[PDB]
Structures are given as C-alpha cells and as structure tokens.
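So this first bit is one chain, no partners, the form deposited in one PDB entry, shown in structure tokens.
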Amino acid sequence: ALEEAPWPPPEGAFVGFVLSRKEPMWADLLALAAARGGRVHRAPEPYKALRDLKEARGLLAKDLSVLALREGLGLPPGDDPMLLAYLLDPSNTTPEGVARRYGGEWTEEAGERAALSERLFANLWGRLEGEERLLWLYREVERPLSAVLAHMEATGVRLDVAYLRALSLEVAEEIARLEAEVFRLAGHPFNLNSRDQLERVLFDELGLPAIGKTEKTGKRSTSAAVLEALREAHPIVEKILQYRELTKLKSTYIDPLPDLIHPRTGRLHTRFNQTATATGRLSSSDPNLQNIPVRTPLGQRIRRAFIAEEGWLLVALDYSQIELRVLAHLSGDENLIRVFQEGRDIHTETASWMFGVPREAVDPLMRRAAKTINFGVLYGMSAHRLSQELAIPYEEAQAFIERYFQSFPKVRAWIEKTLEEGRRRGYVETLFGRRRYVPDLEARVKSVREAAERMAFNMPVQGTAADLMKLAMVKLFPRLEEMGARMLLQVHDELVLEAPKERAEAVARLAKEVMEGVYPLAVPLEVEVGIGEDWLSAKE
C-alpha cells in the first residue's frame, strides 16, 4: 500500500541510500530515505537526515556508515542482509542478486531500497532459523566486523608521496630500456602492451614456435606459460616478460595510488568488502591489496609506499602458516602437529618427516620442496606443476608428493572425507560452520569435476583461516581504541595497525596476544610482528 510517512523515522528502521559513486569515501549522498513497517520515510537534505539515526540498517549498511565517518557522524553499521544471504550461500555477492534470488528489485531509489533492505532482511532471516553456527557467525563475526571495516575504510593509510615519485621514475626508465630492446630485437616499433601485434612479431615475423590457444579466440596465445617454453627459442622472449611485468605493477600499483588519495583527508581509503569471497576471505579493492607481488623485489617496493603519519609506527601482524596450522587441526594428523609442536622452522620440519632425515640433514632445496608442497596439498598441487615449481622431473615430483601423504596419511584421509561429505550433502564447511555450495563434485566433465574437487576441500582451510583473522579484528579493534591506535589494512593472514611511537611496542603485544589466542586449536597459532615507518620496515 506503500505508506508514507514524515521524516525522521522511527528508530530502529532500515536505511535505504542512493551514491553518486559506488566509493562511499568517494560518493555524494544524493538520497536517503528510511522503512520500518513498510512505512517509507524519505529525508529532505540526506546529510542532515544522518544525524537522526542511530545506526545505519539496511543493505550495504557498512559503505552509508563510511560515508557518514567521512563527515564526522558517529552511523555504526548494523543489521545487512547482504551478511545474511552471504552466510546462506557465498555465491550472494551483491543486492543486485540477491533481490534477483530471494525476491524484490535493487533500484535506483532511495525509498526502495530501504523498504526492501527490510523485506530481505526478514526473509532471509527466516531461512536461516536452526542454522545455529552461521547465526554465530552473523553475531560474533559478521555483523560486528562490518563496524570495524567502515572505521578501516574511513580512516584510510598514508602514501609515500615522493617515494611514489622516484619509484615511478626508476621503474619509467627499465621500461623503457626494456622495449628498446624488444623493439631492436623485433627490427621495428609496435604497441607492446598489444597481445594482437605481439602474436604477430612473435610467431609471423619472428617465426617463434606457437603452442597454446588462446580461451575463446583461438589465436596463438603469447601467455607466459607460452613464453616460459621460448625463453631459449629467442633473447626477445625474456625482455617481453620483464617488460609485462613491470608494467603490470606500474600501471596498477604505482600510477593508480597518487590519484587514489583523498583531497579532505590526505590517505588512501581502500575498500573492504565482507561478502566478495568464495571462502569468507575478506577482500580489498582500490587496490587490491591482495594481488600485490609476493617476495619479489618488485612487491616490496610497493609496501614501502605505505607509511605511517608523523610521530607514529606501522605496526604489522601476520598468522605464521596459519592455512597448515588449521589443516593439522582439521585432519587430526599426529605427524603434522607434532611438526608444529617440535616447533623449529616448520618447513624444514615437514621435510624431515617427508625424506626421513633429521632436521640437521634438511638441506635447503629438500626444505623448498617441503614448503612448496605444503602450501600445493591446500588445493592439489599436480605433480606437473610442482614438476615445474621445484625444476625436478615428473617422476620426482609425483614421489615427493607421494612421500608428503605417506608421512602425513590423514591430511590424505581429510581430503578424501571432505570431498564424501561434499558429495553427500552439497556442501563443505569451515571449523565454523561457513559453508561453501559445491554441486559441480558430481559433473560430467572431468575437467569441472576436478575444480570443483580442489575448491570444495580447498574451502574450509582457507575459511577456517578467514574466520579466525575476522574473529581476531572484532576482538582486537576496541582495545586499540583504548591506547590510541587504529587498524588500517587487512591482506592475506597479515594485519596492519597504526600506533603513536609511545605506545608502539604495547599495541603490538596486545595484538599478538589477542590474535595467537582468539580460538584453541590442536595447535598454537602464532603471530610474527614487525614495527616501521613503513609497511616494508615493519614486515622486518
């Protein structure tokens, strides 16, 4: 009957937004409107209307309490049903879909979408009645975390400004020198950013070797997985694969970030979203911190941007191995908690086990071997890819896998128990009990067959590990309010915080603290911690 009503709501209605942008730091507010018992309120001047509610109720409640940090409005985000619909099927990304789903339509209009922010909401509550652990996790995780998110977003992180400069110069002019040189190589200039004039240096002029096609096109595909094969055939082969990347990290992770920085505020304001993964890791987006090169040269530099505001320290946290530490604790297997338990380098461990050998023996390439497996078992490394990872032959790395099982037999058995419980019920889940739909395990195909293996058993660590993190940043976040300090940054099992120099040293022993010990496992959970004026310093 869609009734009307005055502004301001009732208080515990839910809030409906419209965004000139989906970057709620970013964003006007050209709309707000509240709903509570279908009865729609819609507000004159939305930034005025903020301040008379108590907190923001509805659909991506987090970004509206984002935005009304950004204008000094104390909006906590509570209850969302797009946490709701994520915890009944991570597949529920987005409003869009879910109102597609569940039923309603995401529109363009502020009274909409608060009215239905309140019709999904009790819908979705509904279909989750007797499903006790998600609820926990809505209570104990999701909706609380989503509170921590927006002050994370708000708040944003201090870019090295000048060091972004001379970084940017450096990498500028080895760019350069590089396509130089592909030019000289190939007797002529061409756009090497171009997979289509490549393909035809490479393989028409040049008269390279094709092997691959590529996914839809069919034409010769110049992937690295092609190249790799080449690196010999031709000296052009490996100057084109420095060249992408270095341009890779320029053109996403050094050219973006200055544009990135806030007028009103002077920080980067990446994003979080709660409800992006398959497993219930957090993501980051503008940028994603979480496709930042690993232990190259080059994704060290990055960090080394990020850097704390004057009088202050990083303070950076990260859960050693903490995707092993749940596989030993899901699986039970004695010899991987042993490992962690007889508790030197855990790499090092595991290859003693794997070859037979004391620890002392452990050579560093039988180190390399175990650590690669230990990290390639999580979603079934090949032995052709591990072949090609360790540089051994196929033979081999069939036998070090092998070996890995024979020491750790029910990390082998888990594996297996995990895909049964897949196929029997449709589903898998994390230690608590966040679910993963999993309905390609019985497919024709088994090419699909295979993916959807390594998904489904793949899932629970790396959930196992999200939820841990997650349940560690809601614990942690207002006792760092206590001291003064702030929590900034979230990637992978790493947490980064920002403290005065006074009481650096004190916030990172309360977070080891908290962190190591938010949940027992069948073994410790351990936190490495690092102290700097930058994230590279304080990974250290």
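The term rigid core refers to the most C-alpha atoms you can superpose between the two forms while keeping them within 1.5 Å. Positions refer to the first chain, counted from 1. Compared with the form deposited in another entry:
When the two forms are overlaid on the rigid core, CA displacement between these two forms of 2 Å or more is confined, within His347, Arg143, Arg158, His329, to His347.
Core-superposed comparison between these two forms: CA of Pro364 displaced by 2 Å or more.
Once the rigid core is overlaid between these two forms, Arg119 does not reach a Cα shift of 2 Å, moving by less than that.
A movement of the C-alpha atom of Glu108 falling short of 2 angstroms is seen between these two forms when the two forms are aligned on their rigid core.
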Given for the second form:
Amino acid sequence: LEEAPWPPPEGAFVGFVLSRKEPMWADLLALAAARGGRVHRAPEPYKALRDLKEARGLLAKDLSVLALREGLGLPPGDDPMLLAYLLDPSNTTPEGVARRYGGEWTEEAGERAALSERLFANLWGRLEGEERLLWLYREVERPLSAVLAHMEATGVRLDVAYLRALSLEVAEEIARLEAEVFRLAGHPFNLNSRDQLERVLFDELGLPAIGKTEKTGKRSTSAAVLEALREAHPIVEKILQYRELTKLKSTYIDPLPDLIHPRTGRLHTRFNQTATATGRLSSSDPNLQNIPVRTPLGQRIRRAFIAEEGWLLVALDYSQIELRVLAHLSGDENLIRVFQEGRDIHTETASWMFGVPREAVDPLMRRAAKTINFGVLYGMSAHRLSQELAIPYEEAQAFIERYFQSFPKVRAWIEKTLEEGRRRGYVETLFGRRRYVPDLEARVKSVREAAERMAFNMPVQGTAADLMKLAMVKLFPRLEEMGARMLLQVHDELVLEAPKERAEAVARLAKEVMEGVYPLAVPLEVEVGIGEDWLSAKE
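I have the form deposited in one PDB entry already, so could you send the form deposited in another entry?
The text that comes after this line covers the one chain and nothing more.
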C-alpha cells in the first residue's frame, strides 16, 4: 500500500496482532488501520488505542474487549467476519474467509488492516439486495458485537477457595474408585486410556462388545455402551462413576480457578459470534456454556459461580423455547393450543417414563425428558430410544408414532423445509438466516438423511438463536440505566448481575423484554430466578 502517519482518518479499517487468542490475557503487539491507499501504522499500540473512536475490521469485538480492559470506550463497528458469516455460516475464521474472497490472513497488523478494507468491499458488495441479511446485520449482529464485548470484559465472579477444597474432596473419591477398579481387573492400568480399558473389559473380562467406534472401529467404551453392561459386571458401575468424576475435575474443578484474571478477580469467557452453523453463539477459553447441572456434584460446581458483594445473580431461560418456535413455524393448531393451555411437554413426557403424576415429576426427571422430546423430534431411532428408557423396542416406536400424531402439522413443515432446501440449496430461519446444505440431494442414503436432519433443525434452532440475540440487543441498554450487568448467555438463557436493591426490578424488566422481543403465534414465557449463586438463580 502506502505508509501514512498515525493517526488514521475517521472510519479507517483497523488491523491488530495479539500475543494470544484471549483478548483479556493478550498483549497488543501491533496496531494499524487501513484507509484508501494508506497503511496508517502505529508506534506504540497501547497509546494508539486512545486515538481510535471505533473498531472497524476483522475481529472488531476482540480489540474492543482488550480496549475495554484498559478502560477505553472503543465500540465494535463493521466486521467483515459478520458479513461472511451471514452470507454463509461456513465462514467461521478469517483464514477461511480471506482466501475465499480475495486476500490472505497473516500476522501483520497493517496487512490485516488492508484485508479488512478490501474484504469489506467484496462482502458488503455481495450483501446487496439481501435486505433480510442486512436487517439481520444492522439491527442484530452489529449491535450484538458491542453487547458481547461488555460481557467478556465484565466476566463472572468465581468462588476460588470453594473449588480448591472441592478438588481435594473429589480427589479422594476418585482414588477410591480407581483402587476399586484395579482389584476387579486383577491388575492396575490407565483408566483414562480407552484403549487399555477396551482390552480389560472385552479381552480379559468376559464382557460382550456392544458398540464400535466411528473412525477406527474399535470396541467402544462410551457411557451408553457401559450403560448396557451396568449389570454384566460390577466394575462397569464403578467406571461410570470414575468417568463422571474425572470429567468434572479435569475440565472444571481444576482449570477454572487458574483462569481467574488478577486485575478483575473474575472468569472471562469468549463469546464467538461466528462459530456455529445455525447462528448460535459459542463460548470458549473457558467454555461457560457447558457448566454442569445434571448431577449433584455438577450442581456443586454450579454454585461456585457467584455474584459480587452486594450483588445478585439473575437467570432467565425461555421455557420450551424451540417447541414454541416449532409451533410458530409449523402453525400446528394442536401444538399452539398446548402452550395456550399452559402445558409442559417436558413434564408430561417425564410423567410417562417414570409412570408418575405430573406433580410427582422433579426438576431432574423433567430434564431427562428434554433429550427424548428433542431427540424424537429431530429423527431419533426407536432402537436408541428403547435402550435409553430401558423399555422394549415395541414401546419405543409407539412413542414416536404417538409423538408426531399429537401434532399432525409439524411433519408437513419438515418435508416443506427439506423440499425448499433441495430446491434453493439452503434453509433459512424466521428472520432470514440461511444455512447451505450440500447433501440434501446426495446419492448415499446415510449422507443424504444426515444432511436432512441438519436441514430442518437449523430453522427451529436458528430462530431461537435469532430471538435470543435480538432480546439481548433490546435488553442491554436498559441494564446500564439500572446499574445492572449482562454476564452470560447460554443459547436460550441469560445470566444477569444486579445490585441487591434493584435486583428484583431487573428480573421483572428483563423477563418482559425477553417475552415480548418478537411476538409469535405462541407466547414466549420465561422462567426467572434470583440467587446468590448460579444454581440458586435457577431454583
């Protein structure tokens, strides 16, 4: 290009280089911004941030978070990554976008800046006429990048000392199981090694191999596999317990405390805006969208996430979100009436499994019905359902036949979605967010049908993601007026942090904002709870 003197002109496309991928832990190595025929490089990166008024370019949110870390108000402007992601959800990284639309993602701030300008021109040029994508960009994604920036920079408080002592506790319980797995095995080995375990269970012990692995075709030792052999030998019962514990200790209990930022005393996740194929968000380093909740030990980990002194956590989750979305998208008179009568499909389905009244269904029994109702909905097999519920295959198939018979309009939408998908080559959400499926007309029955399940799942899951995103955009400005913070987003759940005084008012406000974000043919009811910790905030 051409060397220009810092600062750059108003609205120059910025390019930056970090020491590591986490903006909260990264050192701003280099900083530059591209203008028409100029490069505008910076001498000192941290001082150069003071000159900028807006971050426009590739990964705009990342630099914004780093600036927001240094107490700087540097909002996220245009981001070509957002443009490419809307053009195609496949475009997830700058490395994949640049080579597709003329350019090369490098490690130079100036060349990264230059790319951001030219990539903008191509992508914004290809976004002409796509008013459904433009509306989804200007009114949702582009504002959301600002909200996510404040969320990542804020972070969530974690009870360090609690998890520390909890680690030593789980440790002794792991050694007990491990010692109780060795004796039955007759010898010691690596329980973490599925290879060594496979030999012990199937070659040494007389246990039957029930499943194979995908890539290598080895005898599987998965949970579902061991679940079937839970009475074939007592060692299997203990392995499942060992699996659960080491899983929680190696993923959450141990890593999370060492992820606390020294200057904030909080946990800072990354909300990837262009990572999923359905339009969902993504949480990484650390993943705060997969904090355990199912098991008792998992709930103990959940309580480690607490509010700041004098503050309270406020959790809001859309009740039966995709089922309501499905009711709006399909227009099933029976399904719409279900919610209009204030029914709970998860509760009734759990009432059928355990053979108990709807009132006898506890919060843990109902949750187990989610994977079944959602499973069956998106093409689960009667075989798989039979084994999970420990019921005969004849009883499992009867559920599916009865499940889709309660609502004789959903399948009309499913085939409609697939047919429209085979014609256009892509399925779209309620707002217009499209996903290109290239195997709807595949010749292989496996490849074709697998692409089909991805095809009609995208509009329902994607719509829910769209509604949540739009809700966050409408809700966030209201938070700053009441001194409230937006902490986490869990697909259909929002975790807020408000002062103890107005914590009640925030919950009532946030609930109403989320319920009326986009009125459908079905009411979008939201369950809200206030607690001193995350687990308490959902009870």
